[PDB]
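Take a look at this single chain, the form deposited without the named molecule, given in structure tokens.
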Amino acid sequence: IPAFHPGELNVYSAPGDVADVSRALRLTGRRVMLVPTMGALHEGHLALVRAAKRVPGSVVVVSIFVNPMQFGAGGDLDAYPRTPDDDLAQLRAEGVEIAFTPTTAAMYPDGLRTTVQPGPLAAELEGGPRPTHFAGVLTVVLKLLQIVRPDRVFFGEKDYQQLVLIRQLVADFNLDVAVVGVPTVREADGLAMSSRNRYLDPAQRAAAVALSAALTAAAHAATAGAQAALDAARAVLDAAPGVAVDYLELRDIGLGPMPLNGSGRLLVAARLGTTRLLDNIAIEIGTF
């Protein structure tokens, strides 16, 4: 079995090495926590890492893999930011003991053969412009969960639809893992942290505050009902320079075939130039 140096960052690229080490750790009684990422780590990811680290007796595994299957054909895969050196430096500073950095060949030795087919939610919202996106996400997450076999897996609420779909995967395939959703980390003005924020020039960055301002205005207007909430958000978005809204939807919290009855989630997707930003917030209709 590959060496593991306690209290230091151990980097493994072979799926078999991390599987062997994770198993050995679990057998000694350490609880394995998994934070799946595509690198280009920011404070939002660090919040996931810290949530994992606080679980008593845990050992944290952060996977970094820019999964080709979740990118739609075009230049998106090549355009994804890659900052490997900064990513590992941040994991070392956070006290993470395991980084799993597999190659494309090790993850997809047989190309796209057996894959995960998500439920109907994968075709909506983000699945509109990217129809095969979530099958890519669920397939890689299922594989990472089988490789690492964590007790808990951490995902951010920022990518809410993804989080809901991962909970569906876990329930539907009877996976023995706890899915932990971590609250969205935001800049001082409210902008949700994202690796795509680096593509906002100064003006677009100023204008981008409208997504969070619209959502938070809606959450408070919600005491007056769904129409008030949606219209408050639309007014903020309509007053924002250079913000092109793709969708603004208020749905039941499970985003499924259920109507909004009290508790919901308000989701927005907008483009600033070529940069597509997403944000979402909890909404409680009629609650002050």
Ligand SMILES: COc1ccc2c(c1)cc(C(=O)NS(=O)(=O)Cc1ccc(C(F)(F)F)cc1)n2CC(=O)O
Given for the second form:
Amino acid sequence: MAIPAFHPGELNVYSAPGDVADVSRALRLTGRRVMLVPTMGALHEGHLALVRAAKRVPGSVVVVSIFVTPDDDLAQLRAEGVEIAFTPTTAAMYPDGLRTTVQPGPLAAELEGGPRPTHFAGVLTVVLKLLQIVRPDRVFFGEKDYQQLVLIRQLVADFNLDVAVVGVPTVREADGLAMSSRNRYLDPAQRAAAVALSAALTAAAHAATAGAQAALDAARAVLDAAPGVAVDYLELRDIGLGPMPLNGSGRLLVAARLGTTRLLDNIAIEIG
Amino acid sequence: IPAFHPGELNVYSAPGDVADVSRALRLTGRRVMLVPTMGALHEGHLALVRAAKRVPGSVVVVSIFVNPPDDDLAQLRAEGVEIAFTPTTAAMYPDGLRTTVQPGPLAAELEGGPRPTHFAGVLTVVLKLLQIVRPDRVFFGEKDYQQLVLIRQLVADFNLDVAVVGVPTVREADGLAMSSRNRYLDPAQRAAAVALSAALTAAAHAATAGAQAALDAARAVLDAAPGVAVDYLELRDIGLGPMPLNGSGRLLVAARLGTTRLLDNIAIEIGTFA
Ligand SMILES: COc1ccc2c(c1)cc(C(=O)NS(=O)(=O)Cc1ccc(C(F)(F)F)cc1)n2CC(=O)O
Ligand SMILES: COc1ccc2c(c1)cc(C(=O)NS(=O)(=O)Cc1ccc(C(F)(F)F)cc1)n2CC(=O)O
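Starting from the form deposited without the named molecule above, please write out the structure of the form solved in complex with the named molecule.
The next block holds the full complex; its first chain is the one shown before.
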């Protein structure tokens, strides 16, 4: 078949899975390294950082999937030098309805999977599909949703996928608040209090020279000094989200409700 | 990459080895054909290989793996297969069962009714195999028709870039469908086992008279057979549902002879289509 039109150096928008599949394959054959940046909802600075990270790989072509000013998101992508936007309808992604799906391992039942027990099954299923449509050399996710990032590394490993998963350190507001589309709903008292999540985590990371309990108790003190911050969990795990070893590398994760908004954050921890 | 000797049988046990070899061959223009087996190779498997061999410029990969061989490799070499992939359980499941494929509701029907995680296990391994080898085409017999359908659903649902090839079921001279499990029939059992295929063909010809006559003919033949215990006899659409049948479908049977469970199926046309 003819390869659908692709104009190098321009923003090319495809809604058909088949079309982006054919183009990406044609590009892979001409030498380019295909980079995938999946996105959902309205575009934010976190996504732009994923884009910049992918663009700096030499000979990259950047594919951004968008799976909801939508025209201004596209103008933003063009201004970033993105050459492919993949914009399929729900129908195109699911022409036979919900059928074969991915079932995550037991990690999906933990932490975020407590309030939302089937959320990661849906994420892993759509990510697998995006991975098979585009076949990128590398796929880029923020570390903000660290549990989601870990789950797709497990997906990649367990299903023997050929793709490199790249986690990009979380972009933050100037006071530390982790980027998220939810931040826009916070009133000013909520926005001032929400700084406690990141303040607690960075405190814990520095307190960690004094060991794991000192790191945890520092985090909890900072969370305790904030009004209207209902902590759902505060957990120190290994970097794979298994139990924290006695010392070594780890990750500290927090989730909290401020009014009706659920905020999450996490950070690298090194014990002692 | 590891060594590949063309026009000889190259055996790889590490997934990374077959993946690298496979990728190198595809880049140089060969089309990669995958034939999944559980070993105990029979003529039905040889027919899969032969079908894969006749794709121009094919390189054929036969995988041998049982979800947790002197014969097998011999025959493969005698067929001109250039790659056997024989992974260890540890190399396929270094983390145990973790992320898995959850099939659609067809996996809870028929064979999957008493074995509700059976097809999940199959689809998970078949997905892993496809990702390791990344073939252009993968070949399955039609005899495990439900399996074949669920594999097509896998390939469509997850957007896999592979063509699924169903090969018509090879049969012993009396019509008995080839299967590893035939070796388990005593002579009396092997004699009676012809009823499944006799039953299905009787139905396919009865079907000019409608679906009820077709089912009824098959049942009488099954009923006349010594020591054949019928699990299920079902007529369905070709994708196995959730649609009612129109004029072309599949008739499936599963029956016990002693401890041995035998399955078979056939294309059926109803009325005018017959
Ligand atoms: C580099 O710094 C950052 C900081 C924050 C970021 C990001 C990067 C990226 C996000 C983000 O929203 N990612 S996402 O939900 O759009 C990724 C994504 C997840 C699922 C799917 C689905 F369709 F597969 F389901 C698509 C994209 N976020 C916000 C967040 O994860 O909520
Ligand atoms: C074309 O003529 C025939 C006739 C019978 C055949 C075949 C071909 C092939 C088979 C056969 O054994 N197919 S299979 O189920 O072993 C394919 C297969 C299924 C799962 C896996 C696993 F590694 F994922 F588990 C591998 C191969 N069989 C026997 C059978 O399907 O029971």
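Positions refer to the first chain, counted from 1. We call the rigid core the largest set of C-alpha positions that still match within 1.5 Å between the two forms.
Give the option from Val245, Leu260, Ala228, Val55 whose C-alpha shifts by 2 Å or more between the two forms; the alignment is on the rigid core.
The one that shifts is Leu260.
After superposing on the core, C-alpha shift for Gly39 between the two forms in angstrom:
C-alpha shift for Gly39: 3.3 Å.
For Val21, give the CA shift between the two forms in Å, the superposition being done on the rigid core.
A shift of 0.6 Å.
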